[PDB]
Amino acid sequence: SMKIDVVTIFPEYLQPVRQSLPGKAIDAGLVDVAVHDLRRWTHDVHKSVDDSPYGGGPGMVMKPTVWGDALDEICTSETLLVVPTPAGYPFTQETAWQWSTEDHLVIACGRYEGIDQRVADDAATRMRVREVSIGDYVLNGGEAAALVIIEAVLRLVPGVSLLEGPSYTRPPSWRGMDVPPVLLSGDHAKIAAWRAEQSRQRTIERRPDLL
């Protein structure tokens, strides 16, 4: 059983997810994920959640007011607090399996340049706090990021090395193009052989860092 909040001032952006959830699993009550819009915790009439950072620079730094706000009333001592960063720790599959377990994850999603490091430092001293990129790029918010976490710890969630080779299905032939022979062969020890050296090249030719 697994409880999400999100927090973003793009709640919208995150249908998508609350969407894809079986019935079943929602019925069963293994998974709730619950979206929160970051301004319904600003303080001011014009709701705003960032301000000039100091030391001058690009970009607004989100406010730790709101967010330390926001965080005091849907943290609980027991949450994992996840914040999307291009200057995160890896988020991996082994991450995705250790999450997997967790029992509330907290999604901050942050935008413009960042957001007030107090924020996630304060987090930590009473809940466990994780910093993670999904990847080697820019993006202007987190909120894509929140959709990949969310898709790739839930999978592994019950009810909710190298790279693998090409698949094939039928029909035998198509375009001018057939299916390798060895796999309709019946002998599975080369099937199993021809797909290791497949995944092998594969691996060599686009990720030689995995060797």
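Whichever C-alpha set is largest while still superposing within 1.5 Å between the two forms counts as the rigid core. Positions refer to the first chain, counted from 1. Compared with the form deposited in another entry:
Among the candidates 182, 26, 144, 34, the CA atom that moves 2 angstroms or more between the two forms after core superposition belongs to 26 alone.
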Given for the second form:
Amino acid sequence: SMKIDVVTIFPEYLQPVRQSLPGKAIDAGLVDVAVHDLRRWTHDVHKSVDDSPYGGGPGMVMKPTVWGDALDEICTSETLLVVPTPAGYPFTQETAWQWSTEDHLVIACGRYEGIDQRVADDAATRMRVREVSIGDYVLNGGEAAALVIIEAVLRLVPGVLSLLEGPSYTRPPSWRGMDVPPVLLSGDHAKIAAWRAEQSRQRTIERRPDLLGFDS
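Having seen the form deposited in one PDB entry, the form deposited in another entry:
Coming up is the bare chain, nothing alongside it.
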């Protein structure tokens, strides 16, 4: 039984949560996901969540006042506050396993430019805070990163049921003149294991040499 709160200025964008793995998890009552519009915690008539950065630079920074009020209401001392950001620690499969046993995740989604640093500083006096990057590409905002984190974590939650995977095949055994590798049809568990290992080796060394401790 896990609770996930997502805070965003684009709550309708978190709707893809409702299908696939996360939707089934919610429907089965293993997790509850609640999405909050950040502007709920604004008090000016224009619902302003951002302002220009001190020191200059392009873009805007999300205001600490609004985030502070939001997180005051949503978070407790047991909360794990997740802040997706291009400047975060890497989010890995190990991170996913670690967070899969948490009672309460709060995910704060900002734009790329980011949230005033003092929000995370202030929250860390009260709760555990993790700023993480899902990758070294650039998104407009944290919302898509939130969906990725949620999907990676939820599939590891109890109750929701190295080397690259090599190629996989299914019926029919010949298709457009391309045959499935005969060893896979042979029913020889040993030779199949050997073949799959060799395929995975070739693929990892070609596509992800870093996984085996090589350059690039």
